[PDB]
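What follows is one chain in structure tokens, specifically the form deposited in one PDB entry.
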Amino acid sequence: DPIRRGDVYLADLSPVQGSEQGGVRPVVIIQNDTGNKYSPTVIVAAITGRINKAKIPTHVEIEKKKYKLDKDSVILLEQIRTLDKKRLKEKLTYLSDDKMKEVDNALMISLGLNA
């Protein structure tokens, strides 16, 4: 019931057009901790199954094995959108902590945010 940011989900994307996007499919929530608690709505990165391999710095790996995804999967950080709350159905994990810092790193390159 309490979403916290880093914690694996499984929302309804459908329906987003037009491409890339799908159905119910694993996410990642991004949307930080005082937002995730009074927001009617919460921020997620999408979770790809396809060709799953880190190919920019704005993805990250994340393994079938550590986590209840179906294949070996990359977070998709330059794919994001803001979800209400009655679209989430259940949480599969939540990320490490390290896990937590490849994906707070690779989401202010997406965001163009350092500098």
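Numbering follows the first chain given and starts at 1. Under this definition, the rigid core comprises the largest set of C-alpha atoms superposing within 1.5 Å between the forms. What changes on going to the form deposited in another entry:
Only one of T58, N52, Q31, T41 has its C-alpha shifted by 2 Å or more between these two forms once the core is superposed, and that residue is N52. Relative to the superposed core, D97 undergoes a C-alpha shift smaller than 2 Å between these two forms.
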Contents of the next structure:
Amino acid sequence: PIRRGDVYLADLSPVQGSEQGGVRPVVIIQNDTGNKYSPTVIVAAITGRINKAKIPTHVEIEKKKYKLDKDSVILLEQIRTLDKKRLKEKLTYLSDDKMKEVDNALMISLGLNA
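Since the structure above is the form deposited in one PDB entry, I would like to see how the form deposited in another entry looks, so please show that one next.
Here we give the lone chain, stripped of any partners or molecules.
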């Protein structure tokens, strides 16, 4: 029952260069038909906020509401297809409003409009 908007812990390693690696939270951005039936999911990496900057492909999430070590940001320029086996525990899920912010950042990141 993996759903779009869920935040899972996942192992992104190994990676190269400026790709985001390590074991970190990721948010599921794949549509729910694929999340239901497919061997893979598509995710965006989350990282620990390290400076207040306005980046159109970034979406901030608060440490408290969602249960997080820190105030974090979702990087919609770091996205990948993972085998579902990579998904460890499910940490949380994002609100509808937050997912709207995410959809937006995603559109920007992928050069899509509407």
